[PDB]
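Trainee: Okay, here's what each chain looks like letter by letter:
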Amino acid sequence: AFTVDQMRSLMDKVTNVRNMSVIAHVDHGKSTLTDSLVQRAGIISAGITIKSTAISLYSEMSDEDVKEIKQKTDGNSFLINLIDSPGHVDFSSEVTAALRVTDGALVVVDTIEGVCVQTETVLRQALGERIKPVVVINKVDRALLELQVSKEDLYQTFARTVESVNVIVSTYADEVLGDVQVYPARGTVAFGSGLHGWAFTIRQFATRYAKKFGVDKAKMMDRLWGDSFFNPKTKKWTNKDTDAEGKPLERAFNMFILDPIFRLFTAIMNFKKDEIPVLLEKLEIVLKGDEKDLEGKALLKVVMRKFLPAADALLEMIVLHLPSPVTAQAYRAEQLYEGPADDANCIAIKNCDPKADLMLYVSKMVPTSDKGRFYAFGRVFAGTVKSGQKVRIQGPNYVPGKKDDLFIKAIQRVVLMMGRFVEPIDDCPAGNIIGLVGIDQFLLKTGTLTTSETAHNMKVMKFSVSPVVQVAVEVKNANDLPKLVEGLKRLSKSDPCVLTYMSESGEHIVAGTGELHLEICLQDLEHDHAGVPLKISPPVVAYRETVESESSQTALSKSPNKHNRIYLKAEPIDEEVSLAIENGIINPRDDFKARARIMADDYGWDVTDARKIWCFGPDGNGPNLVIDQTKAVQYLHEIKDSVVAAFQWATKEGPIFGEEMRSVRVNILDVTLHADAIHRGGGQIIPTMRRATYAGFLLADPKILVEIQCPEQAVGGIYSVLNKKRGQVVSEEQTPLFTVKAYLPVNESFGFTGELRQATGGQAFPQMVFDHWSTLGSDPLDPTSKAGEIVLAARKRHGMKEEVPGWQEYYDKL
Amino acid sequence: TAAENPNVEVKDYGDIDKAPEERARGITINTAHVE
Ligand SMILES: CO[C@H]1[C@@H](O)[C@H](O)[C@H](OC[C@@]23C[C@@H]4[C@H](C)CC[C@H]4[C@@]4(C=O)C[C@@H]2CC(C(C)C)[C@@]34C(=O)O)O[C@@H]1C
Ligand SMILES: Nc1nc2c(ncn2[C@@H]2O[C@H](COP(=O)(O)OP(=O)(O)NP(=O)(O)O)[C@@H](O)[C@H]2O)c(=O)[nH]1
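Which chain is which? The protein sequence lines are T and S, in order.
Take the first sequence: its letters are residues 3 to 48, 67 to 724, 730 to 759, 763 to 842, numbered as in the deposited numbering.
Take the second sequence: its letters are residues 35 to 69, numbered as in the deposited numbering.
No wet-lab data here; the hints were simulated from the structure.
Please note that the accuracy of each hint is not assured.
[Said to hold, decoys possible] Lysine to any residue pairs mimicking SDA-like chemistry, simulated, CA-CA at most 20 Å apart:
no.	chain 1	residue 1	chain 2	residue 2
1	T	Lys321	S	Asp46
2	T	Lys814	S	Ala53
3	T	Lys71	S	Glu38
4	T	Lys71	S	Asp46
5	S	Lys52	T	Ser389
6	T	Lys613	S	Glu38
7	S	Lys52	T	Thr69
8	T	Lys71	S	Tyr47
9	T	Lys326	S	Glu38
10	T	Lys578	T	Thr692
11	S	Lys52	T	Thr388
12	T	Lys769	T	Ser756
13	T	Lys71	S	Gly48
14	T	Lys71	S	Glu56
15	T	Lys321	S	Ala53
16	S	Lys52	T	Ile68
Sequences are here, hints too, so could you generate the full structure?
Mentor: What follows is the structure, encoded as structure tokens:
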């Protein structure tokens, strides 16, 4: 328990600060280990609550210990920031943000399961942020109590886990950092049980046996690990696991560190009441008061805590091995900074200069209980932030030259983020973590605060990070729509990985990283964010209505008056041309002459046909066209508007089932009008043109990029799944992983992410973006073909008659 | 650490896996931050 003054004083000696987090696969004990750290060294101040985001720890080392620290140290006190990290491990950007504000990591690995993909994933991301790792092989108690494992087997298991870890490290760690691997002999590996409060380092045992073996601990800790044997018969230390006679010698680690522990367990758990007092006396362990009465596990737990306090082992690796901001920002500056490496702000970052202009990185927005307000969480890399300070908020798209994402505003309050609570403070210098209140509106997720007009903006790991799982959300009670629209905004702001947008069919879409993520999101949206009954369902897929060939015969239709007739034929527009229209090469408003030269000279069109396009559709700019091929129609100019209008109507609502047309060309062959404009009026010709178009359409044979990263041996699962879902491989490139690109029909992608991890052993990571429109060859009018099934389902869903009206229905015989 | 510094709030196991989902699955789902 410290006062604000004590905390602030502790924060001045950044040489004695440690910014880190705990990396662990679910169930490996990440939580119980941090509870242990918090109970042993947690810091607390001597009605606003927040979500616990970081915890402060306090530690003191002995004068000798502090001498061993291979880095700038000021005194024997240390402040440790245990920063919370998300649990989604899909190589998400929320995780990268959290790691970015840390410099070291405590990696938890299970004794039995060893290193699992989740572990490798966060560690890999961590290494990408030049974070230094330290390991704890947890759940050791399981191997002794459940599995009855032997000493040499336990050893071997430990050694294999350490090797698996240094494979990931040696693979992804920047060569410039040197050897960032982990070595038990160097004290960067702890072994223990987070559930039961004991742990140790070889160093602690070396200290314990040095002044006893008549040898300095430097010599002792080298002998207490690996291939060092002490032959009691010769009283000598050797590196051979056998003696002269060739008899088996027990490894020093087993003989001096494990055996005492093994004997304590065996004696206490078997109630050997005449063997326990002696053993405890020899190890100099003292039971006091009610403890003298304990037996079994209760006695064990209490005896091991006294013999080798868990937190103690962990804090030792954290203080002695994890790096302190002054040291790190020196080699992290350039990556962190987008600007010039010679830039005044980059230098201020390298020097962690508190007197320079401000360079504060906003890691994320954190939910508070202050009625819908989110506080900005981040780290001061340069300068110092102050309450009521005028600063420049620069979003993800800001550029020193443009005024995009820029937001100048005063910072209302600077707060210490201590668990679920906050503590207003006046300022905070470079090198520290901190929370800002009042930045809500201007920033959602990451950003960059600066006090320099020149200041450039700041930058991300082997869990899903793409919103591949999506559903349509709608209120059960129409009148609630306002709360839903508002809830989505609240939901989006609180979750970086969540996405919401309106679909082409008018449905609110909410998409999540994975099925589980999406579920939390929907629960929170419905219960809190919107707080209203929501209805969840799949997204409706949009289709296009096109033609495969020219009308098998001239389409003929008359007006209601029966006085006017339009003769036309429909034909396919080439994909390259549709694409050209959709993407800007061929435009509705371009000069008809130059456009026609392009369509003719570059796309094979007849220049007269091109010069005569009457309109594009739908919406006046779609990839469908009306070309005039009439020769001597007297009042043509007068019906043009009606014909154009009818086309916008026809191409917007196709005759197959109401979807928009695409790649449809309509040629007006001839028009016969009444002499008097009265009967030639839009109300007569608009229906005629639309009726004729539908007829020409139906007479023209009507019809309606998934990138995966993964290991070689896993690629086979990808092809396996794709083949089960009308998929098609596109490209297989590559000394990282592999990346398979393929086309996957959208209506075959629901649950895909699941079947893929299942077929690749959870090693494949999908990514999907809409690519193309593709023409289904089956008959849209045949209720049993692939296209027809889709058409029949949409028709029933819209309450239309099942049978699709045929062309004869729009043809008016002469 | 809270034995050495009064200024550390202790957080127990159930204060960290405190979410109703976490309780329901018996795992950690959300990242927690402690100090
Ligand atoms: C960045 O995230 C992306 C990707 O998830 C993907 O590109 C996704 O695609 C959405 C769709 C986009 C298509 C174009 C607008 C025209 C056709 C549209 C689609 C309709 O069936 C195909 C995909 C999937 C959709 C329906 C089923 C929702 C689309 C839609 O928005 O309705 O859009 C989001 C914003
Ligand atoms: N025997 C024993 N059990 C332990 C020890 N540390 C933790 N446990 C037990 O192991 C189980 C998991 O611990 P927990 O901390 O929740 O694991 P996790 O790694 O945080 N979980 P997840 O991966 O879901 O986050 C608990 O029942 C806990 O009591 C230990 O030192 N010894």
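Trainee: Which constraints among the numbered hints does this structure fail? Numbers only, ascending.
Mentor: 2, 3, 6 and 15
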